[PDB]
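Listed below are the residues making up each chain.
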Amino acid sequence: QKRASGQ
Amino acid sequence: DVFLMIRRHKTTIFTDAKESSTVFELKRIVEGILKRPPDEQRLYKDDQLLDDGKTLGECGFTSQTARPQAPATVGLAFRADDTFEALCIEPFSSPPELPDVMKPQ
Amino acid sequence: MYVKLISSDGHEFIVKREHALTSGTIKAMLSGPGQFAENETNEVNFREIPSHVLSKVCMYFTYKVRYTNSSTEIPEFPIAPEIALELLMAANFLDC
Amino acid sequence: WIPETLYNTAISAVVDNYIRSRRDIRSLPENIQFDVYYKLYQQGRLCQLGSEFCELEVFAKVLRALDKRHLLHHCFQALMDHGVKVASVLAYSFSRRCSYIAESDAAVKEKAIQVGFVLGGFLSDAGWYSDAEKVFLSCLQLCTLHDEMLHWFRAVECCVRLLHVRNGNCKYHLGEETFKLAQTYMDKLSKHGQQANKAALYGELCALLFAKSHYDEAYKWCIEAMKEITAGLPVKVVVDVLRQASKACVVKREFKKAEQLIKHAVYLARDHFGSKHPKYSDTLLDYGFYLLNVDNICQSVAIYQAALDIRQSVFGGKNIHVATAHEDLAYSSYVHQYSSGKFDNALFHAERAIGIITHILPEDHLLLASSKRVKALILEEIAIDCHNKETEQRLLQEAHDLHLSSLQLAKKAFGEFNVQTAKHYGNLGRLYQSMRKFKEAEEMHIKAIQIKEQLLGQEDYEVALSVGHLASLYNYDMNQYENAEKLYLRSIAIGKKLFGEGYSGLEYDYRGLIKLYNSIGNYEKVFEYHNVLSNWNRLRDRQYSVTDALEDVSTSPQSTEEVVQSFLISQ
Amino acid sequence: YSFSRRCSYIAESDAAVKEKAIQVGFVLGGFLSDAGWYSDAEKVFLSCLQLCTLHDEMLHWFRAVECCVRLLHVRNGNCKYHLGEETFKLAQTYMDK
Amino acid sequence: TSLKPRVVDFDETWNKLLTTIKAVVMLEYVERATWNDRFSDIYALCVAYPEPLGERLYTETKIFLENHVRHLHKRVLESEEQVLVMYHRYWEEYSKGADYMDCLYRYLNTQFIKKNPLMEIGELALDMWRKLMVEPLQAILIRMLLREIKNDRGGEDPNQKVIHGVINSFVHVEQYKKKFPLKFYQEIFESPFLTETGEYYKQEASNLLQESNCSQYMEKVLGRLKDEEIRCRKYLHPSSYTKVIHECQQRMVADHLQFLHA
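Quick mapping for you: the protein sequence lines, in order, are chains S, C, D, A, B and E. Sequential numbering of the first sequence, starting at -5, is according to the authors' numbering. Sequential numbering of the second sequence, starting at 2, is according to the authors' numbering. Sequential numbering of the third sequence, starting at 17, is according to the authors' numbering. Sequential numbering of the fourth sequence, starting at 8, is according to the authors' numbering. Sequential numbering of the fifth sequence, starting at 99, is according to the authors' numbering. Note that the sixth sequence covers residues 1 to 116, 135 to 280 in the authors' numbering.
With the rest of the complex left out, here is chain S:
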């Protein structure tokens, strides 16, 4: 994906 996982 374009960004990392959620926090």
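These are computed hints drawn from the structure, not numbers from a lab. Every residue, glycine too, gets a C-beta built ideally from N, C-alpha and C. Warning: the hint list may mix true and false statements.
Unchecked claim - With beta-carbon atoms standing in for the labels, derived distance ranges:
#1 B/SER106 / C/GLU26: 28 to 34 Å
#2 C/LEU50 / B/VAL167: 45 to 51 Å
#3 C/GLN106 / B/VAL167: 36 to 42 Å
Stated by the list, open to error - Below 30 Å or equal to it, Euclidean Cα-Cα: the simulated DSBU-like pairs (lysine-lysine) are:
#4 C/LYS11 / D/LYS32
#5 E/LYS4 / A/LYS118
#6 C/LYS46 / D/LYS32
#7 E/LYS201 / A/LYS118
#8 A/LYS46 / E/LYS4
#9 A/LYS243 / C/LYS104
#10 A/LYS75 / E/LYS115
#11 E/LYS4 / C/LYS11
#12 S/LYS(-4) / A/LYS243
#13 A/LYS243 / E/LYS195
#14 D/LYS43 / C/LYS104
#15 E/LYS114 / A/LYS283
#16 A/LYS75 / S/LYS(-4)
#17 E/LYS238 / E/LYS220
#18 E/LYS96 / D/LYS43
#19 A/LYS446 / S/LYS(-4)
#20 D/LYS32 / E/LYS96
#21 E/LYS238 / A/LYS75
#22 A/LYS75 / E/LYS244
#23 E/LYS252 / E/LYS196
#24 S/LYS(-4) / A/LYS349
#25 A/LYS283 / E/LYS16
#26 E/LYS62 / A/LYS325
Following the hints, complete the assembly by docking chains C, D, A, B and E onto the known chain S.
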């Protein structure tokens, strides 16, 4: 296979006998329990002498009415000295009579 | 091979020793100083267990021993409602 | 077939005669009363059981059977699922008893506190902290009405438990007051020359300050708690302090000590309690927290599912302890199955977490914020991975309102400048990145980064993660590659410093820089980051050969004093 | 279960108590079959049949064939079609009796 | 009366229990009626009113066992050079008493001890005998016991039951330890015993080779090892058959392997 409760005065012998076995073996099995000869004892199915010749299935001790859950009682007397005694089978006890919740009170 | 389960009233429920060791407490009572073979049958006193419930206990002994590892469907032990509470405390005390 | 015991047959006969012998069962030995009540539960007669368990006289005798407490936790919870509010009724009954016996001697008060402690421990072990807090408040009032040595000990032991039921209830503002009362009682205790051990209280305060995201103070009180662990403490106290110590070490970025702390906690819990105990499930939950925060997510799902399956067994449905296991397993399944895109099990767990928390807690409760946040994260990734623009808008809007509700709850409880509200700011920024609203996305990521770097130093894992998110927003969307390159370098540096070259979060930065340079040029930079990414993939494939974490805990690895001493020696 | 338990105890009792138990079993099994609890109405009707198959008298065949009529309705609705043919054969045997 | 929870004092019931519990631990004769009555007394204590007096009964039983084994330890400290036979006699009596007390305390064991750190009364007594009779005598007792078997190796005639009873006592405490059922036996006795056997079989080994040639020494290997094999079946636990029959070969055959092969 028939299960019985050979009660005399306050004892209650919990024995198991074959359906086909006769009353003489039922009297002889008490030899190893109370050590008294079968000649000087007689059994009692509710005021009924149980003679040696007739079998257990003949005198009403069917396996349906003497199942292990509720074995059928049988009386006994040991002749005292020479004359037999009456059935002094004492009742066990009165369980606490739980009141009926539907009884109007 | 017979043991005399004397109740509180005085009823002497003579049951086979193989049946009596079904209950853990009777097996414990028949071990130690209680295994002394007085007469031929070991008189076990049950000063707290009445006769109307010790009779049901002995019936359960002869029922479980006969009906153990039964292939057919096993019927339930008939416990009357008036006896059920006293036979509940007797079943716990006897560990059967 | 085998013949059923005379005990069980008599129980079936007594239960069947229940109307005729309802009050006569209460005169039975305490090991028969609970078996009769468990038969009422098994037969389905939940109404009669609920009527009996709502009386404190009956329930106190049930609580004295500690062998079958695991059977009681699944009965009581069933009653709380039946609709009968057994916990609040028992708490009210105990409060009424305490108000009645407030004017008495110190003999019956000590008896009621001991009944109060077991009832409060049951109500907080089952997860009814709002209902256990009333019981412990009554016990504290009883211990406060007099000021002797034993009552001081009981007041300290009651403020330890009152702090615990005000941490899991998200009443963090009253936790400081409760700890102050406990500290006052302990100072009065040490004034008279008798010292009470402070491990459990300091561990509960560590959990309080960690839940408020005060990780520096949380670690300070972690050290203070581990300084007070002796060989005579109950295993529950040592287990709780080990768990909270491991969590504080994890959020302080000290995984080298957190590993031994939490593995020893799991070993102690599995040894003393068992593999099907609620406390073992709590240790597994904190161990899954550790494993999820050390880039070991694949095992964490195997730990949370182990933790949840214990909690669904002992407790059952509609419990906050099951709900926390669901909302933690849902997030770990979301993180593990993130690149895979298979958010089917993750959403199913997050649906149950909200479906349980909404039933048992009010809409303004902080525990609902964390369950809403996880489901909003899952819904966003389901939205962007589907093709229906109607779905891509509906799910994104649902995630938007969930994130706003969670942000409102966290802002109301913690404040504007906490870490846990900055996490919601970062999630909202990611959501706005997905939702094609970029002007607000940059503001949200800027707020999250500024809050998490004002608080959590300059090179923390959380600030690095938010920096990576903002850099992906700049790179893939706003085409401001000058800032995105700098933020990628910062995120890569922090991830390498914390997790090394085998960090699984470095792919979203390596690919980001690859696209960044493909957009602007420097094909030598493209080649160098491409071979760096290839080396990273090779190292990750080499490290991917992992084992089961329960086996990693093993049996009897360490000793209780050894782990604490090693932690203290390592500062 | 309460009916079956209180029913297995008065198997050997008098005709009036067994008649009362049979009537209570018919009304309870009819209620539980009307309400749709066929798995639970079967146990009541099975216990009623167990009372009926004790004394081989006149009215007991009528009550047993009524029990077996009511067992088909609580076995057809419960999709116990394998036991349905056996129940019909037992009922037809009692009609032959 | 019935088996119903009733309020009862602990002093009277505990004295009635204590008399027969004293009569059992030293294996004195107690009436069977008294023995069957004390089961009902134990039950009445365990399900008493308004609180179950099971923890107090366990505490008082532990206190009694402490006092009794401590008194036996004082008694055998009074007896010098006769601690072996007296210890074996007291051990047999106390082991039978502990088994009978496990039988008597079955309701406390099943309904209180197993349902709450706490050991069953029949295995609490073994722990008390370990840590009040064997651990205090972990040095005096082993010296004479190792001397007796060493003297037996020298041609003496020790008591069969006394020597075998003392060694079996170490194993017989380990019934409740299902994890390590021989750790106590292998540590407090076997480790001194294995080193003692090696010392005895290396000092006398030089004596044999001093007067015997290779052919005569070969017959001596099959002479003393077979004798030691009897002592394995005589004064040793059966589970230690292999680890001592090969230890002697290490100090006899392995040390002289270069001599036998040549």
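Hints, verified against the model:
Range check, B/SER106 to C/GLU26: about 32 Å between beta-carbon atoms, so the 28 to 34 Å window is met. For the pair C/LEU50 and B/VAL167, the supplied restraint of 45 to 51 Å holds, since their beta-carbon distance comes to about 48 Å. A hinted range of 36 to 42 Å holds for the C-beta pair C/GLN106 and B/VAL167, which are about 41 Å apart. The suggested pairing of C/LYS11 with D/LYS32 holds, with an alpha-carbon distance near 17 Å, which does not exceed 30 Å.
For the given pair, E/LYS4 sits about 23 Å from A/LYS118 by alpha-carbon distance, which is consistent with the 30 Å threshold. Proximity of C/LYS46 to D/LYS32 is assessed by CA-CA distance (about 22 Å); at most 30 Å being required, the pair is judged to hold. With a C-alpha separation of about 43 Å, the suggested pair E/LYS201 and A/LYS118 falls outside the 30 Å cut-off, and the hint is violated. For the given pair, A/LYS46 sits about 21 Å from E/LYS4 by alpha-carbon distance, which is consistent with the 30 Å threshold.
As the CA atoms of A/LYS243 and C/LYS104 are separated by approximately 53 Å, the hinted pair breaks the 30 Å bound. For the proposed pair A/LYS75 and E/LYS115, the alpha carbon gap of about 8 Å is at most 30 Å, so the pair holds. Pair hint E/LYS4 plus C/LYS11 holds up; C-alpha atoms about 25 Å apart against a cutoff of 30 Å. For the suggested pair S/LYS(-4) and A/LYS243, the alpha carbons sit about 45 Å apart, so the restraint of at most 30 Å is broken.
Taking the CA atoms of A/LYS243 and E/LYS195, the gap is near 24 Å; set against the 30 Å cutoff, the hint holds. Distance restraint check for D/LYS43 and C/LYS104: the Cα-Cα separation of roughly 43 Å exceeds the 30 Å cut-off, and the hinted pair is therefore not satisfied. About 18 Å separates the Cα atoms of E/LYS114 and A/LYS283, which keeps this hinted pair within 30 Å; it holds. Of the supplied pair hints, the one linking A/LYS75 and S/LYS(-4) is violated, its CA atoms being roughly 52 Å apart against a limit of 30 Å.
Restraint check for E/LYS238 and E/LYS220: satisfied, since their Cα atoms lie roughly 14 Å apart, inside the 30 Å limit. Distance hint between E/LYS96 and D/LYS43 is fulfilled; the C-alpha atoms sit about 16 Å from each other, no more than 30 Å. Proposed proximity of A/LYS446 and S/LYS(-4) is supported: the alpha carbons are some 18 Å apart, at most 30 Å. As the CA atoms of D/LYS32 and E/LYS96 are separated by approximately 26 Å, the hinted pair is consistent with the 30 Å bound.
A C-alpha spacing of about 65 Å is found between E/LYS238 and A/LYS75, which places the hinted pair above 30 Å, so the restraint is violated. For the given pair, A/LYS75 sits about 56 Å from E/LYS244 by alpha-carbon distance, which is inconsistent with the 30 Å threshold. Simply put, E/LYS252 and E/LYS196 have alpha-carbon atoms about 26 Å apart, close enough for the 30 Å limit, and the pair holds. Between S/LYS(-4) and A/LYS349 the CA atoms are separated by roughly 17 Å; this keeps the pair inside 30 Å, and the hint holds.
For the proposed pair A/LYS283 and E/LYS16, the alpha carbon gap of about 42 Å is over 30 Å, so the pair is violated. For a cut-off of 30 Å, the pair hint linking E/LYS62 to A/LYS325 is broken: about 45 Å separates their Cα positions.
Violated hints, in rising order: 7, 9, 12, 14, 16, 21, 22, 25, 26; the structure is consistent with all others.
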